[PDB]
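Just the one chain here, the form deposited in one PDB entry, laid out as structure tokens.
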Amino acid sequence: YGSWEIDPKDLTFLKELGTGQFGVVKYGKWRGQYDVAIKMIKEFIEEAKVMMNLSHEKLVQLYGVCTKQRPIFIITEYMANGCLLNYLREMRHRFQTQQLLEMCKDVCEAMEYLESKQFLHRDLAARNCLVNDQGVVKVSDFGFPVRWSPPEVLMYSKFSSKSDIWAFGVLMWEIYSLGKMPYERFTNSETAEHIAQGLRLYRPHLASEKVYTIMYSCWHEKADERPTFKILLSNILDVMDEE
């Protein structure tokens, strides 16, 4: 794979990171200079290939792969603050609501980019975003989530740009509720029934009525009445200016 093939001996491994959703992820350095995360998989056909064609400041950036050797490596930029869901549940951060809104805006920018590329993420949720050292949120794992799915997906499997819009609204709720599970008091069956009847996530305490109006707009029962990510972006930026 061209300049995407990385020389494994340009890699050092500095610390262990996980095994519970991946296959060993490690923090290491590339070319003695760049912090990377290194994903070692085992017996890929699609993940890096997706990641080779997409590039945005708000999408976790592929640096390269190791394909000519043992277990395959995928190497990306390193996200020092880990998954967004864990970051939000860490109470020491004591976030201000302007920080929470900026997290929404980060993800919204990534999704507007993907939308412009006609690419559907399909599993957008806080667990699939990561956070770097500066607190910037980036969309990840883009290479069944009942609580992030609109009625047309639960009932008919009708995926579309508007089903990513729905999940993004639920992701804003996850941010403003500091990492709560959506529909925390319900089973998956109950969530599906209750969403099909028109009930929606309540306004988080930290979300202003303007912010809640944005997330609520993602949840129109008619998919074609939901905004695009371009419109959600402009709306979020408007709220940031109003403060």
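Numbering follows the first chain given and starts at 1. Heads up, when I say rigid core I mean the largest set of C-alphas that superpose within 1.5 Å between the two forms. Compared with the form deposited in another entry:
When both forms sit on the same rigid core, the CA shifts between these two forms reach 2 angstroms or more only at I72 out of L154, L120, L85, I72.
Once you line up the core between these two forms, the Cα of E16 ends up 2 Å or more from where it was. In this overlay on the rigid core, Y212 has a C-alpha that sits less than 2 Å away from its partner position between these two forms. Core-aligned CA deviation for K180 between these two forms: less than 2 Å.
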Given for the second form:
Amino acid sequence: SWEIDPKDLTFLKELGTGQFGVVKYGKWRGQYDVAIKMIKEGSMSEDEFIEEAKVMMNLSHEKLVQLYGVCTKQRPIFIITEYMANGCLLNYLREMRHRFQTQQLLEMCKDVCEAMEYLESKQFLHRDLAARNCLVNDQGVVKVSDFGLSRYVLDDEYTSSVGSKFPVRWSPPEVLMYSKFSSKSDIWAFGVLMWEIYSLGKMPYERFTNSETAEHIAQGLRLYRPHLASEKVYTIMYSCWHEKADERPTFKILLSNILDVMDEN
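I have the form deposited in one PDB entry already, so could you send the form deposited in another entry?
Here you get just the chain by itself.
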């Protein structure tokens, strides 16, 4: 694991708080833009994370927000990542909602699908894929962030399937019923993410509670086709939501589907 020297980090701006506490924008060695997570004491299973961190750092792809390294020889520990100037995708969609062409929306789905095809090829699960966990850079490229970190969260409202922070609206039946995560549960979440993109950042199953969402999707309720999604695009997102995990596509198949739609248009 790349153990970064904290003396090489210059903090510049607050980026707000996430599940592990404060995140800052800064520079590494006075040049490279980075984000720095300051891991709040008690928020993370730190020994577990440190033991397993190298796998995460070896994930390298243009459409992943890279985990560059860690600072662990002190308290609090730091996680150092790629910086994304336009922030999270969910907010970006909502703030620019009157400016998007449908071709740009499909390009966002392609960006995320490329990242996920790469993770799938490495047998690595995101576990919390959603627009809130994608980020956008200064050139509008969407990248997938915080892949794999859900495993290390210490927060019972997040880790309990009936907790108020659990990502129920992005979860397939086998996660809600059995806590069975797989690349096929990331597939389901990706379909919901496509829906978030094409709805310009609406909340999935808005007005339903988490338990009502779970109850109704188990019985076959599915997200409606957003106005901006063509039938071809809807067919792609809908394919992610087969009740049976083994009937869902792979990210390799989804990427091929997405490219085919692009070529036709």
